[PDB]
Amino acid sequence: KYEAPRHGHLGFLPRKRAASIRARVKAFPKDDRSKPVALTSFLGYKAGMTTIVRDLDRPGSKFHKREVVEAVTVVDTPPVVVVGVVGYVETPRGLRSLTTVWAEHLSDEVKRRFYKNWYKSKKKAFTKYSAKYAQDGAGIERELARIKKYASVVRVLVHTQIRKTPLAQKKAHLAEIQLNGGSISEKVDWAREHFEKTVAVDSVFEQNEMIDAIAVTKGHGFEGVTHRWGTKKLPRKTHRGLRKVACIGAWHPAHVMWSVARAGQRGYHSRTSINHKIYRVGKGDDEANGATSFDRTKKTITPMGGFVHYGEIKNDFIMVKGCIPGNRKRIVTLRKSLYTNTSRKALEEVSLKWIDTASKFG
Amino acid sequence: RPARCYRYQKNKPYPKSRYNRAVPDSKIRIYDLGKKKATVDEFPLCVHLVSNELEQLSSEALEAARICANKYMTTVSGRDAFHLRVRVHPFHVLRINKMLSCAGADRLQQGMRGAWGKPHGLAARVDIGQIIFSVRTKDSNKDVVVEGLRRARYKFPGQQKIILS
Amino acid sequence: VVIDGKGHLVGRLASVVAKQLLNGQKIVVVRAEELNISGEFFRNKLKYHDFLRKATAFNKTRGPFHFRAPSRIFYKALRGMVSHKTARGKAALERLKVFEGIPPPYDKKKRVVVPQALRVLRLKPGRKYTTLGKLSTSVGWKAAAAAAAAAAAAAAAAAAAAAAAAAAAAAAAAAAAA
RNA sequence: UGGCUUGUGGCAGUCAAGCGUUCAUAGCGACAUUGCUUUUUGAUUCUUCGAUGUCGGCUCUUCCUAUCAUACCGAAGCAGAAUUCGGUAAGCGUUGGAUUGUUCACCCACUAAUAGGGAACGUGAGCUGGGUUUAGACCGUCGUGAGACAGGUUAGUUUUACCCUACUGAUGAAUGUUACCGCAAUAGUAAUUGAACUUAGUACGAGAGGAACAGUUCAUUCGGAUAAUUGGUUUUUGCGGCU
RNA sequence: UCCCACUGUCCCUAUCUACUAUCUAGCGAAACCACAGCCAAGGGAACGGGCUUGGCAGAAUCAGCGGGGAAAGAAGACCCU
RNA sequence: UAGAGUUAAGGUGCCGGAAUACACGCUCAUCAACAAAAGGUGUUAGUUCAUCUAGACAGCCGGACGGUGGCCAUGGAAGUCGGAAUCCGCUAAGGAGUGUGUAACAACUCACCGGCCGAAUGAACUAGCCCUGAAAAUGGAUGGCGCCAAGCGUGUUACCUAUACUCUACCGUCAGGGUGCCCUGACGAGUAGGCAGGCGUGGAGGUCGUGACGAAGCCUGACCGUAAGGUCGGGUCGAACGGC
RNA sequence: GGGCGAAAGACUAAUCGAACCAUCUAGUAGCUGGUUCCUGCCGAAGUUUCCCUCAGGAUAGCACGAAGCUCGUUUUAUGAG
RNA sequence: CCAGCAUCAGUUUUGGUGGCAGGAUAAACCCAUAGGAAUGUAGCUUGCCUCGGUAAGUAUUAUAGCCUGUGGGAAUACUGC
Numbered sequence: 005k006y007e008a009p010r011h012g013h014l015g016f017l018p019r020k021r022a023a024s025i026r027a028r029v030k031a032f033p034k035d036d037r038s039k040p041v042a043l044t045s046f047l048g049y050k051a052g053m054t055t056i057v058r059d060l061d062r063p064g065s066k067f068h069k070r071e072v073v074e075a076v077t078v079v080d081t082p083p084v085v086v087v088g089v090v091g092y093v094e095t096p097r098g099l100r101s102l103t104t105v106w107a108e109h110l111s112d113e114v115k116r117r118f119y120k121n122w123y124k125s126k127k128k129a130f131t132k133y134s135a136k137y138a139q140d141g142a143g144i145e146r147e148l149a150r151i152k153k154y155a156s157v158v159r160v161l162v163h164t165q166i167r168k169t170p171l172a173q174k175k176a177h178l179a180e181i182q183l184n185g186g187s188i189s190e191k192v193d194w195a196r197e198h199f200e201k202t203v204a205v206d207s208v209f210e211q212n213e214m215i216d217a218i219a220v221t222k223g224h225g226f227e228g229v230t231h232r233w234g235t236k237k238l239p240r241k242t243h244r245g246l247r248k249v250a251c252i253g254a255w256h257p258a259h260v261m262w263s264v265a266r267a268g269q270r271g272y273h274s275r276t277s278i279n280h281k282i283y284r285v286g287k288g289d290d291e292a293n294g295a296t297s298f299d300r301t302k303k304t305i306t307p308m309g310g311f312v313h314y315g316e317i318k319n320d321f322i323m324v325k326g327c328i329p330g331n332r333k334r335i336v337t338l339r340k341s342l343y344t345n346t347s348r349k350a351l352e353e354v355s356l357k358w359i360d361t362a363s364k365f366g
Numbered sequence: 004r005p006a007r008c009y010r011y012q013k014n015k016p017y018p019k020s021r022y023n024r025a026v027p028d029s030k031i032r033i034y035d036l037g038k039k040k041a042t043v044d045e046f047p048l049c050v051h052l053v054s055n056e057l058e059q060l061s062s063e064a065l066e067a068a069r070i071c072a073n074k075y076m077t078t079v080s081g082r083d084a085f086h087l088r089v090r091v092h093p094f095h096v097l098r099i100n101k102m103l104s105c106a107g108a109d110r111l112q113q114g115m116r117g118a119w120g121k122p123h124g125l126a127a128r129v130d131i132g133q134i135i136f137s138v139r140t141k142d143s144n145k146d147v148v149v150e151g152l153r154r155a156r157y158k159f160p161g162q163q164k165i166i167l168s
Numbered sequence: 007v008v009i010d011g012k013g014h015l016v017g018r019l020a021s022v023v024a025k026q027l028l029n030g031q032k033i034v035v036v037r038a039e040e041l042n043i044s045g046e047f048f049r050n051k052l053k054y055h056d057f058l059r060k061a062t063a064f065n066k067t068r069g070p071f072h073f074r075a076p077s078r079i080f081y082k083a084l085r086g087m088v089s090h091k092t093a094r095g096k097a098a099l100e101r102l103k104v105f106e107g108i109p110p111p112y113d114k115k116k117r118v119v120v121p122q123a124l125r126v127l128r129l130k131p132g133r134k135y136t137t138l139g140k141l142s143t144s145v146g147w148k149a150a151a152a153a154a155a156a157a158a159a160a161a162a163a164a165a166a167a168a169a170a171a172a173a174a175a176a177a178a179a180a181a182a183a184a
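Protein chains in written order, with the authors' numbering: chain BC, 5 to 366; chain BI, 4 to 168; chain BM, 7 to 184.
These are calculated hints, taken from the structure and not from any lab test.
Please note: incorrect hints may appear among the correct ones.
To be verified - Below 27 Å or equal to it, Euclidean Cα-Cα: the simulated DSSO-like pairs (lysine-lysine) are:
1) BC/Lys20 / BM/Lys66
2) BC/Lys152 / BM/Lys148
3) BC/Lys302 / BC/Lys281
4) BC/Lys5 / BM/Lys66
5) BC/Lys153 / BM/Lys82
6) BM/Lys12 / BM/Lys116
7) BM/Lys66 / BM/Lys25
8) BI/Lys13 / BI/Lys164
Please build the complete structure, drawing on both the sequences and the hints.
Here's what the structure looks like:
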């Protein structure tokens with residue numbers, strides 16, 4: 005009953021498909037016990053990268069404040085629209101509300117979405133898009149919600165506004181998003197001014213915190229043991245056992261556990277990557293790219309031309325030094341970081357020195 | 004074979020000078036030690052290391068206890084006021100089996116058949132009541148063999164009961 | 007028959023509960039954490055039935071499932087008496103559910119009226135002995151308010167008795183003043 | 001083969017007289033034994049012929065610590081520091097080549113440095129078939145001989161689609177219903193080290209030497225994230241030559 | 001065996017391509033018939049999913065993969081009459 | 001072969017029926033659950049003896065004396081190396097010495113012994129509960145829950161307990177008295193094996209009896225009770241077959 | 001038991017170290033396996049002298065089946081570790 | 001027709017409770033009187049030290065051990081009712 009060393013990550017079991025295109029995360033990043041109102045996460049779309057030629061954050065370096073080449077995902081963040089701020093409190097059973105406080109006017113892309121009109125799946129009943137529901141009487145009793153003592157974290161059901169980013173569809177992408185803030189009272193009080201229609205981007209993301217890069221990754225294949233775990237080939241490479249593996253079980257006992265080196269789905273969950281440090285926030289048009297060299301390929305920010313398989317960016321973006329899962333077209337969900345490691349390098353803006361602009365190709 | 008495995012005896016007697024095709028050599032160096040002269044003369048006090056058990060005190064450990072107590076009793080004097088004996092001898096020649104082996108061997112050496120314990124060692128019998136290490140030692144002041152009976156029963160299998168004689 | 011598991015030993019309550027469950031009588035035990043198992047904090051540490059070494063990481067795929075809470079001890083413990091094996095056994099198991107806290111506000115068989123044994127006196131007896139609501143702490147037992155609060159719930163039950171209760175009492179008093 | 005004992009024996013407690021400058025135990029230890037134990041090394045036909053297929057290594061599927069190294073502590077017949085020894089404690093790290101079939105045997109270059117034990121040593125319907133059960137032919141050694149040998153040499157079969165289970169991915173249905181997502185009563189997880197800037201030329205010393213403790217950065221290596229300044233592929237779509 | 005140039009065998013794996021797997025129609029094999037199908041400890045025809053206690057174990061369905069039971073098969077290759 | 005009447009071997013906190021009983025006691029470690037050499041201020045009892053108001057014993061507090069460096073091993077020996085004499089002194093105590101210290105002097109402490117205090121203390125010897133010696137790999141792994149009495153000894157009491165024990169009847173062959181058989185003794189788990197008894201097919205000397213106004217058969221129901229398998233009855237047949 | 005050899009008993013209808021087909025032939029197996037109603041009466045033995053004898057069997061030990069009949073508890077001594 | 005099981009009235013066999021008694025015996029749940037040996041508690045007096053107690057006398061306040069003499073009590077092993 006031996007062991008051979010840990011080639012590949014064990015605990016992505018089961019390797020379940022992330023059906024919904026936007027990433028979810030049950031364990032949300034807990035409160036900013038500093039900022040009086042925030043959100044927990046936000047929204048993005050994966051677009052492309054640039055080489056930010058700047059200078060180091062770590063100030064005591066041997067080559068301190070030199071020229072530094074760096075990755076950056078420049079993800080488009082249009083602000084999300086509220087349907088209603090749901091006032092989750094407690095009861096003596098559990099995490100149960102009392103009322104929501106609706107928004108009056110929603111967006112336009114609420115037409116096609118609020119349903120589950122898809123084949124081999126359940127509906128919803130005729131809870132369609134909004135008429136004019138509970139907000140008038142509901143807005144005052146969320147004050148009385150904290151007076152219960154039985155009171156929990158108040159949240160807000162949101163939807164996107166799409167075309168603004170170059171993707172042309174008008175059926176919105178849904179999610180609930182938790183409201184953070186100072187205390188339970190404050191994430192209710194200041195969130196009354198949030199449900200009006202649209203929220204702020206800058207409430208959750210302060211410039212130069214960190215931002216944990218969760219999104220939905222690509223489904224690579226039905227990947228075998230070589231790529232999915234990390235086995236080799238045998239150098240004889242004949243017969244049956246080329247890209248196979250050896251042991252799955254063991255003689256004594258016959259019954260093993262969930263470590264075994266088999267084939268199946270790779271990637272494609274709502275997989276969480278850790279503290280990618282936020283570079284800058286730029287609202288409109290600032291940085292460019294497009295340089296005629298081989299580096300890595302096919303995602304170009306305002307060159308001569310545009311991006312391939314996305315569209316040219318004329319919106320409002322947030323720049324994360326690092327990355328975030330998906331590929332082109334894929335809609336992402338940027339969660340914030342609860343444990344912010346390094347000291348916040350805010351107040352002033354971070355350096356942009358110069359950047360190229362030409363073709364990307366020949 | 005440690006002396007844990009030279010304890011009891013389903014080895015039954017076999018010890019005569021007539022009927023023996025020659026014994027091996029022993030370790031045994033000297034019997035009476037300290038005083039040769041005084042048995043009960045100078046020494047009205049004794050301790051006997053009386054057996055509880057019916058063991059074979061093998062000739063290996065027999066010399067061992069006696070020679071530890073020989074080397075010890077030189078500090079006080081190399082003929083101090085004790086009389087450490089050897090009594091009952093290896094009369095019996097200790098029969099021990101092996102080289103043995105059934106199939107797949109030189110000539111075949113058996114074990115079961117070939118039951119004869121082909122004479123290897125020598126052992127004394129030190130049964131109930133009997134002692135080897137009788138220590139006739141002095142009345143007043145220098146009694147040294149009470150200590151030297153820890154050093155006697157150590158180089159001896161079994162749990163001997165110390166009796167004042 | 008509803009009892010209360012409060013301020014005595016664990017095994018000498020479990021035994022008494024089993025003979026009552028026997029046929030199919032619906033005995034629910036209320037409180038597990040205010041019982042008392044014995045042992046040290048040294049030998050009864052490493053191999054103990056919460057999380058330390060043994061019974062939490064104690065499973066296969068088709069295999070066991072234990073606990074790391076002072077609530078779940080008494081539930082698992084009385085499968086370990088009355089087993090699922092016999093038909094009456096698995097039936098008798100469902101007649102019992104244990105609760106953390108005291109959700110009934112009323113006074114049933116609790117302290118003064120209980121069976122025999124139970125409330126052992128430690129004088130000449132007993133230097134070392136544990137308590138289930140100490141042992142389970144650095145095992146994954148948090149969240150005290152949630153379970154510990156239950157005491158706060160039991161309080162509001164008392165309150166309901168003390169009312170109306172208080173009223174019939176004040177009356178009863180005036181009755182004898184007479 | 002499995003069982004049994006521990007024979008043959010390994011380890012420790014340890015009788016502790018000796019001998020190391022004085023000095024039973026800094027250290028070395030005559031003489032050996034008692035308990036434990038199953039490793040050197042085998043006693044036994046108990047249990048087995050309608051299969052009981054071998055060794056070193058590649059690859060991938062565990063648990064314990066009889067402990068090499070990382071956290072924490074104490075002592076010396078130890079001057080700081082080099083040197084010497086013992087206790088708490090299993091989460092993690094544990095090299096590259098040459099002699100030799102080969103771990104053994106035996107040597108070298110470094111490096112922070114290169115452990116112990118079991119588990120059908122994962123282990124031939126994943127894998128090599130060098131090590132490893134027959135059949136060309138020769139020599140030594142033995143017997144009247146056909147031929148033999150407790151001695152060596154030369155060539156000489158790894159077939160095929162997993163019934164049931166372990167088991168890794170993907171869908172379908174159960175207290176009205178339900179697109180959409182937060183609790184944490186619980187399940188799975190991640191892991192290491194060195195150098196340099198610099199501390200400090202300070203402690204302490206005959207002389208070589210140079211400790212406590214900070215702030216700062218980064219390089220080996222792993223996984224997840226990975227598509228821009230890198231390196232390459234791109235039969236899709238375009239460009240050069242010959243019959 | 002030394003020696004010169006050198007080498008996907010490996011370091012170090014990635015990418016693209018032909019054909020199929022997935023999925024579908026038709027006609028239609030193969031030797032082939034144990035009640036049954038969890039694990040840890042315990043007793044034991046002597047290494048139990050099957051027997052003792054305890055922990056665990058639901059069904060409609062398909063794609064996968066080489067660890068056990070020990071497959072597809074012949075009355076063992078060792079070994080003696 | 002069956003229901004009662006009475007109890008063995010052995011059990012009663014609980015899975016799972018029966019004391020959370022009674023009396024006395026060491027001990028409470030979860031002891032209960034392996035292990036020697038060799039060893040211990042846990043904790044209790046008995047016996048003998050040193051010791052005691054004739055001032056036990058501890059702590060704290062002193063006198064550390066004169067002869068004197070007594071003498072002698074030896075290169076040197078110094079109380080302080082080895083070995084013997086064995087005192088005087090001042091006769092309310094200091095030995096020719098309990099321990100440390102420097103080659104050693106140089107230096108230091110004290111049983112012996114002094115001074116406060118004022119009651120049971122201490123060595124042996126014997127017995128019991130504890131306690132130290134004791135390492136290995138899949139999930140409790142020296143019980144599931146767990147127990148400090150729901151442990152154990154000694155003394156007692158209550159409840160449970162083998163087709164045996166035991167009541168009486170019944171089943172099997174055989175004996176005796178007297179046929180027809182009945183009374184009735186002793187035993188009756190069972191494989192080989194022998195004997196006896198009973199059920200059995202094809203066939204037949206026999207063959208009458210039953211039959212086309214419905215035979216064997218097919219199929220289905222009723223269906224005695226010694227284990228063996230056979231009579232009656234219903235739907236239906238279109239010629240076969242048993243009294244004796 | 002011949003044909004045949006530069007040798008390997010290669011070779012001869014997939015059979016060759018003695019082709020194949022048919023008959024005598026249902027050769028034979030001192031060894032192994034399989035083998036059909038019931039109850040009752042009633043039911044042992046694994047021991048031996050002995051064998052060119054050993055998974056056997058003449059004989060003896062013990063109870064089969066059938067007919068006719070058959071104890072001891074213990075008292076006086078005598079012999080032998 | 002055997003076993004389980006059967007209206008309604010009377011009776012045996014075996015054991016116990018509860019009440020009572022004989023064999024045979026006298027301790028008791030607890031039983032008289034006289035003389036001699038003993039020694040506990042309350043109260044008083046006297047002496048001495050000290051603020052807290054102690055010693056001696058106390059048959060002359062009240063009561064007893066153990067033996068001897070005289071006199072008087074006395075339900076039960078077993079067995080039956």
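For each hint, the structure was consulted:
| no. | hint | result |
| --- | --- | --- |
| 1 | BC/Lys20 / BM/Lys66 | holds (21 Å) |
| 2 | BC/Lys152 / BM/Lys148 | holds (23 Å) |
| 3 | BC/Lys302 / BC/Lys281 | holds (24 Å) |
| 4 | BC/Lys5 / BM/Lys66 | holds (15 Å) |
| 5 | BC/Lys153 / BM/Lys82 | violated (33 Å) |
| 6 | BM/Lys12 / BM/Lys116 | holds (7 Å) |
| 7 | BM/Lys66 / BM/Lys25 | violated (33 Å) |
| 8 | BI/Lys13 / BI/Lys164 | holds (23 Å) |
In this structure, the hints that do not hold are numbers 5, 7, in rising order.
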